[PDB]
Each structure stands twice: as C-alpha cells, then as structure tokens.
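Let's start with one chain on its own, the form deposited in one PDB entry, as structure tokens.
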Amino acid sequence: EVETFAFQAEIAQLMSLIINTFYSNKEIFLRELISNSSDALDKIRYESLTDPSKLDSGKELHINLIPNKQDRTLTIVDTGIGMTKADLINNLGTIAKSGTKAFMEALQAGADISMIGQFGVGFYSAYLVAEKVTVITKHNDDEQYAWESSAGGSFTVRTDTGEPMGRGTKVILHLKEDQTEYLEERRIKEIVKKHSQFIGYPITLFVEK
C-alpha cells in the first residue's frame, strides 16, 4: 500500500525555486548526493566500531554510479546506514527546516544555488536534473522502503516489494530530457574528479555494455 504526504511548506517552496530558477551549473547534484552517501557510510562504519553485528547486513562500504541511457536514469547506490520509515516521513524534514529556511533567505540575498550543501539540504539539488526521484532504502532497524517524488508538493512512501538490498540507499534519478549529459561516462568522471579525494569510500562507475 502507498501513502501520500505533503512536503513541509518550506521544502515545497525550495523545490519549486530549484525547479523554476534558470541555473546552468546543474552538475552540483552529483557532489551533493555522493557527499550524502559518504555521510551514511561514516554512520554505519562508526556504529560497527562498538557493535560489529551492524555489518551482518553487509560488510562492503562503497558507492556505485549507474547511468542507464535506455531508461534515462542515473542511479547512485551506497551501502550506508540507510533510512527508517520515520526518517522518510518526518525526521529528515524536521532536521532540514532551519537550513531550508536559511538557504531561501540566502538566495533572496543573492547567494548561489551551489551553496545548498552548506545548508544541509543538498538532496533537493537532484530536482535541477531529475523530473522524478525514487529512493529505495534499507536500515538495520526497519523494512525496505521506496520514497518517491516528482515534486509538485507531495511524496509517497511504500514498503518496497523489489529485490532485497541488504542495507543502504539507492537514489534513482529520472532525468529531464535536456539533462542526458549526466549519463555520459566522461561527464560523470569529470564531475567526480572535483570531489573523490574527500570521499573515504570507493566510488565505482558502472560502464554501460
């Protein structure tokens, strides 16, 4: 069963700003999502130092980048801590409130959209390139869930029926028709090169056959 929720007013406002502002430096989305994946990997690695059984769901700690030209999707997979149902519906939105409000105030004061990460709301930059975002996630303490939004003020959460992922998060970006450059190997490599040194986990780019 699928449940539909409204985004918090400030998040809905930020999403409409990101979608409707003319902004050509769209490549920032990839650095933001990789940074988030790295933070989720730090979380599970840290927890595993006091409880090694936290890695029973998978010991490999990495990030995979999977472009798919046929489906027009860019998938970012990590084996981080994952997210609970409470994270998806409430708690991430609550933690984001101050940063979202502060980021929109900064933008009105002439700040650049590339500053989004400095406000802890980097995820929403995915809407610069994606018409729809699907997030499949699995936390040790909960079931596997699918979160999805095409913006427009709402998102859905459902228990995922698909392939079990063990632990971690898969972000599926359904790219806008004019944003297919982010499916090119050379383009992905170029973007990641301005970021991989700060990432303490292997980033593997899957080459299409």
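Definition used throughout: the rigid core is the maximal C-alpha set that superposes within 1.5 Å between two forms. Residue numbers count along the first chain shown, from 1. What changes on going to the form deposited in another entry:
- Lining up the core between these two forms shows that one residue from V77, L107, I136, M83 moves its Cα 2 Å or more, and that residue is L107.
- Relative to the superposed rigid core, the position of the CA of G117 differs between these two forms by less than 2 Å.
- Annotation: Cα of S24 displaced by less than 2 Å between these two forms, core superposition.
- Core-superposed comparison between these two forms: the C-alpha position of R187 differs by less than 2 Å.
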Second form
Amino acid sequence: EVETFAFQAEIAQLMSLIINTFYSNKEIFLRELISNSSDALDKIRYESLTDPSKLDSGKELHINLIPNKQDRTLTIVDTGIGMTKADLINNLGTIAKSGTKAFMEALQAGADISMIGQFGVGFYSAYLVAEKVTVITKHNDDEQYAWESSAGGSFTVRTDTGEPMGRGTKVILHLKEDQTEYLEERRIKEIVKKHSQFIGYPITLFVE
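Now that you have shown the form deposited in one PDB entry, what about the form deposited in another entry?
Below: the lone chain, stripped of partners and molecules.
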C-alpha cells in the first residue's frame, strides 16, 4: 500500500526554485542535512535526560555518511529522535509553509540559496544534487516508514519492512548524473571539514 500526496503549493514552489535556479554552490546540501540530523540527535539527547528508556531503541548518537557509486546514492544516516508518519506527511516535521514564506521574503531582501537553513526548510536543498530523495524514519512512538519524492509536486509514503533501523532517519540521495563528485571520499571529507567541522556528534564517512 503506497499513499500519494500533493505538496502544499508553497513547498512545490520552493522545490521548483531549488531545481531550476542557477546556483553553483550546491555542496551546502550536505551541511543542511547534517544540521537536520544534529537537531534530531539533540532532541533525543534532551528527551532521554528525563526518560532514559527512550534510548532502549539505541544508545549511540551519531551520523553516518554512506556513498554508493554503483547505485549512485549518498545516504545520510542518524540515530536521532526520528519522525512519525504524521511528521513525514506534514513536511518532514518542518514549518515549511511559514519557513518558505520567510525564505522567499529574505531572497528578495538580499539572501542567497545557502541561507535556506535559517528558515527551517534546509531539507529541500537535497534537490540541488538529487533527482530523487527517499527518507526512511523510525520514531519510538510509531512504525518505520519510507517517504519518497522526485519532486514534480507529489510525494509518497509507505511502510518500510526492509532493514529495521531501531530509531532515527536515513536520507537517501539518488544523485543527478552530473553530481557524482559527492560520492568521492576526498570531496565528502572536504565539505564536512569546511561546513560541519564542529558538529557535536561523530560523523563517520563510510568507504567502499
């Protein structure tokens, strides 16, 4: 059973802006996704201070970067708080309608696409490099779900019966044919060092 949803008009417009605008500094997508993972990890860290049983689904708080040259995918895995099915559907737990507005008002006021994260809609910068994005998530209060979208105004949600994660979120970037540089170890290392060198959780770059 696959459910198909329409993006809210402001999100479809934000996604069209990211896909169609000429902007060479595409590498910021990784900073934005690592920042989202760090926010999810802060959230489970905080919640577990009062209820340590919330870490029954996994005590390790980390981020893994997994390139796969054969599948042409870059996967960002975190063991953060995860998202419920409702959260996924409601713009991946973001304030995307009000954030898209504030980002649009900022762009007209002298901002560039790299400031997207300040408006809480940094997730959608994944479409700077990916033709398709799959989000696998597991929250303690819900089952494991897979969100997916190739943009074009719609997304799907289905239960994920493949590899249970325990808790957290997996962002699978199906890279555009001319964005394969983001599968190279030296390029990922460079971007992590430049934009995410002081994240409060271990970032492990997997090798092939």
